[PDB]
Every structure is written in C-alpha cells, then in structure tokens.
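We have chain O; now place chain R onto it with these hints.
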Amino acid sequence: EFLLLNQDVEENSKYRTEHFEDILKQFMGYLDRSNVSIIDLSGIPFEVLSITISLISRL
Amino acid sequence: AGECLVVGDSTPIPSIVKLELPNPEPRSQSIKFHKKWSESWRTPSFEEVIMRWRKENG
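Same order as they appear, the protein sequences are chains O and R. Residues in the first sequence are numbered consecutively from 352, following the entry's author numbering. Residues in the second sequence are numbered consecutively from 528, following the entry's author numbering.
Please keep in mind that the hints were generated in silico from the structure rather than gathered at the bench.
With a straight-line Cα cutoff of 25 Å, these simulated DMTMM-like cross-link-like pairs (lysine to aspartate or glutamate) come out: (1) R/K582 x O/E369; (2) R/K582 x O/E372; (3) O/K376 x R/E574; (4) O/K376 x R/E575; (5) O/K376 x R/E583; (6) R/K562 x R/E552; (7) O/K376 x R/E566.
So the derived label-pair ranges between C-beta atoms look like this: (8) R/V534 x O/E398: 46 to 56 Å; (9) R/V534 x O/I374: 49 to 59 Å; (10) O/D383 x R/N584: 27 to 37 Å; (11) O/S388 x R/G585: 22 to 32 Å.
Just so it is clear, CB atoms sit at the ideal spot from N, CA and C, and this is done for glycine as well.
So here's chain R without its partners, still in its complex pose:
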C-alpha cells in the first residue's frame, strides 16, 4: 500500500518508491458494508426512486 514502481526513460533504475500521503486527500469514497448494517431499520422512499428509474427526473 502506498508504493508504485516508476518505469521509463526518465529514471536510470525503475524502483519501488514510498510515496508520502497526499494532503489534502481527494474524496476517495468506497462504501463499506457492515457498519450500515446493525443500525436499526432503514426505510428509503420509493416513489421518487422508481420515478427516476423511468428517466423522468434523472
């Protein structure tokens, strides 16, 4: 994690380089499963969502 190899003519030796963490981090959002569970009951609204399924208010 956090390492990549740079291969090209700009370097004498293609090597693994430890990249420092960028600041500020871009909004890297990947949904995680479990914490959404065990949170009582979630009730989405459906009129609007099936309305969007029909390309009405997309």
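The shape of chain O in the complex, shown without the other chains:
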C-alpha cells in the first residue's frame, strides 16, 4: 500500500502532480528539523526494495 497501487480509493487518487513539492519531505527541513533521515526499509517486501532504493537515490 505504500506505493498506493490501488487508485480505486479516493484517498490514493487525491495525490496530484501539484502534490509534488511536499512529497520530497524535509526538502529544506521544516526550517527546523536538521536532516537526520532514516529510510527504514524493514517491513517493505523485498521484490520492490531495489526499486524503492533506486527511486529515492535517483530522486
């Protein structure tokens, strides 16, 4: 569900291309957040782990 593959739900469909600047998240750091970032790839199924890491690194 983290990839929001079921777009039949309205909540998964409310994310538009305008909702792009805030998906970056801590992009500047809330103006007070530091940037200690932990991408806890623990519970994610493995067959999309490489895909997720590639996504984040390329972004």
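This is chain R only, laid out in the frame that chain O set:
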C-alpha cells in the same frame, strides 16, 4: 601532487617531473562539505528549482 610521468618517443627516459604551479590557475572548483555546514540555516528557494526540474527555464 604536482608530478606526472611523460612516456613517449619525445624523451630518452620517461621520468617523474616536478611541474611548477601554473599562473594564473584555471578556475578549478571542487565543492568542500564541512564549511558550508555550521553556517546557521540555509534556505534555498524551491518554486524556481522545481520549475527548472520540469525543463521550463533550463
């Protein structure tokens, strides 16, 4: 640092040669990490930068 070996037919002996510093130095700029840190808070503008991400004003 500052030494290279010239290998070729133009020389009898390929050797290490100490090259004097060129003057003026070309604009060799490599970003260094730490000094940018510890400089209070840096706040880039984002409207323009995501605008450039879309190949609008590149």
